[PDB]
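Student: All chains should be built: construct the whole structure from the sequences, respecting the hints.
Number of protein chains: 4
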Amino acid sequence: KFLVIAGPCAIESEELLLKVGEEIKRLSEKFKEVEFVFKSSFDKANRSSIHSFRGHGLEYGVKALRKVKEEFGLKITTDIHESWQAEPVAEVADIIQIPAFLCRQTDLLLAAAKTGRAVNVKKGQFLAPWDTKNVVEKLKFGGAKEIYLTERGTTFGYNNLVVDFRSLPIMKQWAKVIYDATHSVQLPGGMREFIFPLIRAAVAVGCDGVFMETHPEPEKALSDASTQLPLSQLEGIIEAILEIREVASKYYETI
Amino acid sequence: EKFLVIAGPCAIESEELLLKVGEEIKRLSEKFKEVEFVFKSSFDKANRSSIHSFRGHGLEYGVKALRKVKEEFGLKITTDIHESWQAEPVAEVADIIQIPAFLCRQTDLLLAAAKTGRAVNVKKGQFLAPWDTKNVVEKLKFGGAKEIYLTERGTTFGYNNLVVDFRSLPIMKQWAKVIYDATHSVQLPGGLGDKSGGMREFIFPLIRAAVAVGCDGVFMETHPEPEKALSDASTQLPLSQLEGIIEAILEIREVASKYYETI
Amino acid sequence: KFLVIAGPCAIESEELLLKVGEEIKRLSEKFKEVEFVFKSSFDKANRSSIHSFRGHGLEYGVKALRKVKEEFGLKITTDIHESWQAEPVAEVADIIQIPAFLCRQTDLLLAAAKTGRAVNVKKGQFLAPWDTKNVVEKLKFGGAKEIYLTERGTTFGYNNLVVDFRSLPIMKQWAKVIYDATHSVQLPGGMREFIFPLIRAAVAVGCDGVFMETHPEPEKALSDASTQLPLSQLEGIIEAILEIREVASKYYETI
Amino acid sequence: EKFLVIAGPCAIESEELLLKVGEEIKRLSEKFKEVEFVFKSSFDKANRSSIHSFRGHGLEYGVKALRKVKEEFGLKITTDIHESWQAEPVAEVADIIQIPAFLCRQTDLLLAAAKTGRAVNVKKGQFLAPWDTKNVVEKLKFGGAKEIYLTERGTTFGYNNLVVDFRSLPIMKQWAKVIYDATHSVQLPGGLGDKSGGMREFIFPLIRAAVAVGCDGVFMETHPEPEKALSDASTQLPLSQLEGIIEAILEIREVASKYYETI
Ligand SMILES: O=P(O)(O)OC[C@@H](O)[C@@H](O)[C@H](O)CO
Ligand SMILES: O=P(O)(O)OC[C@@H](O)[C@@H](O)[C@H](O)CO
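Protein chains in written order, with the deposited numbering: chain B, 2003 to 2191, 2199 to 2264; chain A, 1002 to 1264; chain B', 2003 to 2191, 2199 to 2264; chain A', 1002 to 1264. A prime marks a further copy of an entry chain.
Think of the hints as simulated: they come from the structure by calculation, not from any bench. We put the CB at the ideal spot given by N, CA and C, even for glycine. Don't take each hint at face value.
Chain A' is faced by these chain B residues, among others (derived, beta-carbon under 8 Å) [said to hold, decoys possible]:
id: 1; residue: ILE2052
id: 2; residue: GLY2057
id: 3; residue: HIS2058
id: 4; residue: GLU2084
id: 5; residue: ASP2109
id: 6; residue: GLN2127
id: 7; residue: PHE2128
id: 8; residue: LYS2140
id: 9; residue: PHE2143
Tutor: Rendered as structure tokens:
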């Protein structure tokens, strides 16, 4: 079924995770056709500034994510940054996420694949759509069986990303495809007004799921504040993409 | 508002070709009454990569052929001009004067089109940023144009490749009606060396994206037998596929429409 | 011999052309090894704004350019924008320039070639280096024998141009190559600090000449004010590129 | 200031390969006394496109081989790390710890390198703008790095292609010493599908441009027989050509030097 990966960018506190987790649980009950996966990073290991927020550590993070899964029965997903983190994270994460800058780091991919969990790789901003075939092969070699590739924009000049929707059908040849609606519009080192329009395009073109960072009060978020979707708008967007998908799916090309 | 579908053979290979395509477009205009069809075909391909490529049979022949299409089918007409002097003669038959992408910044060409009183559709140059079309529209308004369209046809992305930045649709909508060019956006500039390439497999998915995001019309080149086309043989849509594509975009437009943002 | 195309961007007045023409004449006498060509546009036909400066017309322009050639004995070059302008412009222009946005307009190229004059085509920001082979072929077909291709940057994301120096050796396979030092650093719809550094790169790589817009008081220029080189700095830069060329030429690759 | 030339085989195919290249680099260091040579070779290619490509013989073997080069020739050493734990063991032999381009934003890796007390050279990511390296240097300084280098190795330009924006040299010079990577800048990422491509014919012209613009050093991978290399066979410079290239860049640097702008 259609996948919806959502949650606050960073684990600012399990308190925050619970609030967002409650709303995602609610939507989960309203849209039984959709498979929801709660997402939040225990560490923002690639911030531009040394003075920016990273998180409260892996242990506190994994603990908070456990609280969400136990309290709401929602599947979990978080990203790893070094090989050693794969095992401990797999304890709670149903889907292990591979950062875009790290999509070519063989040992990280293998470490993730070895856990037995599903692996979602953010397509690097430097990668061409067809270059992801090799990424999937690394994971299959590592024992991975449920593999996802996420479209999150491609480097377009300086401090800008463009979404080449031709990537969706191309990547679909070797993996399930997820569209990252929030990072695709950010301006490296974004514009919220483009989030909805592009997510509509993604489902019209055809994908297997969408990824969206959401926060009760984006303006106060400690990470990606300019692009996180306000929690209150999540239901509306999900219903919208389901209706568009329903009509458009008739025309999705085979493989 | 009425959705615009601009379609026809890339080049006026012959008046016969035009009438064959026109017949089908007329049939579709009778079916899709919520669509305003405009028949398109260039009397001259003034910017081919190679000097040996097909250009056309001249302005005179071209206007005559287009007039026949309008006369026989009652279809609105659009064609592109390449130099200022062509605006006057073309305006006699063209309901919409089209400005080529490479020439979207040539002030006199824009002014020549604007003063004819006809609608003007400017292809956004592959070098232009979305927000920079504001001045293009300003020039047209300054020149007297009352109905203006901006067409998204891709942006230079590395060499011999174009990418469609759909953020351009809501941006350009701020100052003009927006049209999505479904066939030129997937072409590979200078791809085959002496000629440009293209990937037909992406025409349909990208047009679905265009209407989901929201535009005021689509532009599609269509030919009975693309493989035999004298220009853009790699991107022209088979004529038999036109009807299905249009129905599909009207369906996606309808369901997405309630979510189109207000500019 | 090494070509140096220089002059004010636009013909703001023949008065201005004479002042700049006097300095170019002087340098012409100081650097006998270099072939100087005076440049200035009679019309800026592609300004972004309808309210910007275009010029005083073709007649006034061609007249002013005549005054420079007659008074200083300097070769001339200006750009054309429509086919009909080729003939009248050829009366004074030794080199007919084809605008970057118009490098694929067949009739403009043919019209220029028909005049018998040399033709310099600005490589479009949308063109790949190898795509210029076809441009040269159009000119040869039109009777052109002295053909130049000018590097002026390539579209790199929005409102930015990058100079891919790989273009110099590539374009050299079918035409003499000129490097446009002033338009290559401008930001479409620039940065003067990069003019000298990149012109040094151009000669180190290897080219047949350089193109530089110069004005006595750039800040007051009616066109490309942010990138026009101050007249007083022209001599220094020319001497610099000659010294670099002298040493580097030993390593220029054959064809 | 003394010009830096970082050179060596892309990967530590064998200790034998290292000694053969090291011998030549040592010979050149005796000739070009105004140059500070640093021998480079990766103990692991941790980011190959294909799982079937050569990676290396492990950290242990690698450090041992590099130590032999430093021991036999008295040459400074540099190699790249891929995860934080590798900084400590590598620092035992590496005079300069190199940070891979894809990892230029991984805070812990940068910090791990900085605290070793060794110099740190960061390859500018293909996704990074020149002005955004300011924060990269800030992180290193924060972590205790006292000698920092930023290496220009090209920027993503469309798919499977990189372009070198030489404006990056004077920009990055504002906060660190700048190195130009003459061999990676001409490679075509994922060019051959399972592996990356490259155009050797552009290595020399672009390095001439680098020194004309002005940098503090150059980085060049060299191999006795590039065609047999287990990594970057399309871009590694034949070892016999190294001497000529270095003489040429020193000559161009000298004549251009008086014109280098003051940051
Ligand atoms: O095939 P070549 O001659 O490159 O021409 C490209 C065509 O696709 C051309 O007529 C196009 O739309 C013009 O810009
Ligand atoms: O040949 P593939 O495996 O693509 O690897 C690219 C190499 O050029 C690679 O080791 C490179 O410099 C790493 O980024």
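Student: Could you run down the list of hints and mark each one as holding or not?
Tutor: We went through each hint and held it up to the structure:
1. Checking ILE2052(B) against chain A': minimum C-beta separation of about 4 Å stays under 8 Å; hint holds.
2. For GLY2057(B), the interface hint is violated, the least distance from its beta-carbon to any beta-carbon of chain A' being 11 Å, above 8 Å.
3. Interface restraint check: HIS2058(B) against chain A', minimum CB-CB distance 15 Å, threshold 8 Å, status violated.
4. The criterion of a C-beta within 8 Å of any C-beta in chain A' is met by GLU2084(B), whose closest approach is roughly 5 Å, and the hint holds.
5. The interface hint given for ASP2109(B) is met, as the beta carbon of that residue sits about 6 Å from the closest beta carbon of chain A', less than 8 Å.
6. The interface hint given for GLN2127(B) is met, as the beta carbon of that residue sits about 5 Å from the closest beta carbon of chain A', less than 8 Å.
7. A hinted interface residue such as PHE2128(B) counts as satisfied when its beta carbon comes closer than 8 Å to some beta carbon of chain A'; here the least separation is about 5 Å, so the hint holds.
8. Evaluation of the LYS2140(B) hint against chain A' yields a held restraint, the C-beta minimum of about 5 Å falling below 8 Å.
9. Residue-level restraint check for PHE2143(B) holds (minimum Cβ-Cβ distance to chain A' is 5 Å; threshold 8 Å).
Hints 2, 3 from the list above are not met by this structure, while the remaining hints are.
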